[PDB]
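Before any questions on how it binds or moves, here is one chain, the form deposited without the ligand, in structure tokens.
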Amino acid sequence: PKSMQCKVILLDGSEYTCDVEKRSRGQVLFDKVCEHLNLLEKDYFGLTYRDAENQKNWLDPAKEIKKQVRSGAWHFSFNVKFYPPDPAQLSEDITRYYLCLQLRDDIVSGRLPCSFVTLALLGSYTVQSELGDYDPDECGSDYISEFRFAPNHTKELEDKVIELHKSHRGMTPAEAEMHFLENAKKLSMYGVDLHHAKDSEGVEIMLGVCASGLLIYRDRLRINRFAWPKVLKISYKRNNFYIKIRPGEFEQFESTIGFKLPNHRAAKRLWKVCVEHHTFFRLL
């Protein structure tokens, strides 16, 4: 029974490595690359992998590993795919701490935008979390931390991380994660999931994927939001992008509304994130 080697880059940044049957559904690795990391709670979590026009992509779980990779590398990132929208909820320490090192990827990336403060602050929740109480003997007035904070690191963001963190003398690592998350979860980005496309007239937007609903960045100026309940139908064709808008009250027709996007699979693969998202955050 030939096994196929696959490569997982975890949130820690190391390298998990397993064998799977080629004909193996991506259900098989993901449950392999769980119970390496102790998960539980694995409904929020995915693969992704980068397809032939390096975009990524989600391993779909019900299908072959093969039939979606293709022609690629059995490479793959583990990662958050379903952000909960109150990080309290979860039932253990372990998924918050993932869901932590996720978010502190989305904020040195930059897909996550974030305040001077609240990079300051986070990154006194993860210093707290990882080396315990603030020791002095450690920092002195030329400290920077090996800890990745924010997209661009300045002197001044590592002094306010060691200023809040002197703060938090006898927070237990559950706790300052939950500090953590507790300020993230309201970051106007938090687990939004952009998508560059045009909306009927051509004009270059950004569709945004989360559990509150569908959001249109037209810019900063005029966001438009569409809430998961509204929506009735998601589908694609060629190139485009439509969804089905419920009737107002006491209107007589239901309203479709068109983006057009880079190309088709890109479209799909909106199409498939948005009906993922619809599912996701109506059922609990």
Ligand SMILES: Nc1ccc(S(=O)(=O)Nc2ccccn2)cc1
The other form holds:
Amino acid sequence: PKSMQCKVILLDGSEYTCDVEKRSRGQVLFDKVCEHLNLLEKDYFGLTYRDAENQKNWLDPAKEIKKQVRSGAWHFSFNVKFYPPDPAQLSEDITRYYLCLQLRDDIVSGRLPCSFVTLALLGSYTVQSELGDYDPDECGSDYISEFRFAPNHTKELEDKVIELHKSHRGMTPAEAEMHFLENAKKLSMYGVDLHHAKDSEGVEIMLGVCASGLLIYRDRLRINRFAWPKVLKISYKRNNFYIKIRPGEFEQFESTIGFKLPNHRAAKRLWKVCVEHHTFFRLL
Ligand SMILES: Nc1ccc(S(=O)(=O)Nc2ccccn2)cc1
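With the form deposited without the ligand already on screen, would you show the form deposited with the ligand bound?
After this comes the whole thing, all chains and molecules, with the earlier chain placed first.
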């Protein structure tokens, strides 16, 4: 029975290697990674891979791995797929831990923009969780942490992390991680998956997919929001993506809204992540 080697980049940046039978469905690999991670609250997570165009795709757990990675390497990343709106409602601390590690990468990468003060506060909770109480013996006036806190590090940010870290004496790791999450969950781009698109007039916009619905970023003024309940049908055709926007009270007709995506694969990808979010956050 022939088996393919899988390499998975974990959220701590380490590599997990395993073998699965070559006709295996994605769920097989995902189950092995989650067992390795001692993760029980698996519903919020998934594996990603890079397609022949180098775009991040979710590995569909119900489909054969080989029919998704196709010509590409069996290389994956473990990631948060559905960002819980209230991480305090998760049942296990280890779930909140992996969500923290993902968010730390969202921040360093710049996918999750963050004010100076929030970068420092999040950083201070990470340091408290990972090193425990502030120790002056490690931190002089010239201290720079090994922890990546931000897309661009400054001495001022390092100083503010230490100042806040001092305030957290006695805080346990689960407690610090919960504080991290109570702050992160409030950020306007928390758990927003962004897709480049054009509106029906060719004006470049961003579509964001998240727990609350679909977001349209036209300019810094005028951000449109479609709560999942207000969406009845998600569809794609060629390079186009469409949502059916339920009739408003006393309106005769549903309204259909149309976008142009970079190519057909990008329209299908956006359709699938929208359907999956609609399903997940209808049931939550
Ligand atoms: N994770 C997340 C991100 C953004 C938003 S929202 O504040 O824009 N609110 C809404 C409300 C309805 C439809 C779309 N966004 C909410 C949650």
